[PDB]
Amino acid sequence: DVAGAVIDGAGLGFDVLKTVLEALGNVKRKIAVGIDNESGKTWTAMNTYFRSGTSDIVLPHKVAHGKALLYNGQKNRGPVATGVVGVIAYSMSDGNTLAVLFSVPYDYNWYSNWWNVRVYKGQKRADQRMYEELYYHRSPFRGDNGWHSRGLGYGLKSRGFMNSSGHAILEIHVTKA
């Protein structure tokens, strides 16, 4: 139940994600991400792109059907008024790419949490262009303490939940449509 590990998919829940948050300690902005793979395919880590912030965790390399990966991120350490924003990319054994955006801002006077999930045709690494697509162009979900569902095409669908504060949990389930 640590970031960088995989757990049985059925075990994923907000308690495990709070555990992940608690392990990062006293930092101002941080995120715990759990993504439950119920897609019928194996996922292999590609990379994480950070627009800002960092993780000390390696993406779980192999995520079999029926497993959830756990991951985390935090703001850059130090007197920088910035949050943690980035895109995770996994390659799926059908030849496509699962991409996940998470965005936790510094200033909640003016900005809000967001996330997004998309499947890309072919093998595509996470990068600043992918961030811009996920954030500006592909209808991200607000981290509004609510669940959101969307078909992903490719026979899959996504259902996820993110809270609205600067200690963020993001729980996503990828299932057969």
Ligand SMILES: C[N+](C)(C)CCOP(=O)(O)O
Second form
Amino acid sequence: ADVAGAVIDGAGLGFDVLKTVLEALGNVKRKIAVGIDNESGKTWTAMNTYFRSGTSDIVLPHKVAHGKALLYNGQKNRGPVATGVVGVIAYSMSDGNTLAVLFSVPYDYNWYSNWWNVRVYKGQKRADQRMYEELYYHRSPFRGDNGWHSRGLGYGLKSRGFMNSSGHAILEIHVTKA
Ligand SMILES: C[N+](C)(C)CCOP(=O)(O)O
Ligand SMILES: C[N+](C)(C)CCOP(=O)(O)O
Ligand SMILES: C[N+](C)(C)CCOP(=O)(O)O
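Now that the form solved without the ligand has been shown, please provide the structure of the form solved in complex with the ligand.
Following is the full complex, with the preceding chain placed first.
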């Protein structure tokens, strides 16, 4: 089966492949499978993931051509620590701007919920705490509510994505030319 870390045909991205990626992480309380389909017309080059909470043992897929999707994952920090998997993925686009994707899969659903977001930043900006705070608090993230959400991104692009509500999370995003 396709694995986290791979770049696949973007038409092959879907819940089945992400479920498999999520299952392959085994028995961990909070974990996420992330798939982002690049149909933007331009190549993305990975910069970094800012992990606010949690970690990954997967290399952030380096080059993602138009027509390809990346597969990735993250998991809570090891041991009983009551924290989840929360972070921002940042890819450079060939126009000199940055594609940023927020994911948040909190430890405690009594206080918090799943959220995600997608935004293009002007210039080359590495993912960091400031970007996490902007995307989570101020830039209208979407709830992981087991439903799809669309939004135009500017820069000739639009996004359509889905995230479920539970702590074994899947996040599937398609970035297409608007
Ligand atoms: C809930 N949060 C997203 C604001 C902070 C991080 O959550 P957690 O990793 O402590 O659960
Ligand atoms: C602060 N806390 C993480 C122990 C519980 C949640 O409080 P709040 O951040 O929902 O106000
Ligand atoms: C994410 N948010 C800051 C826009 C809404 C509040 O969500 P949460 O932190 O209470 O789960």
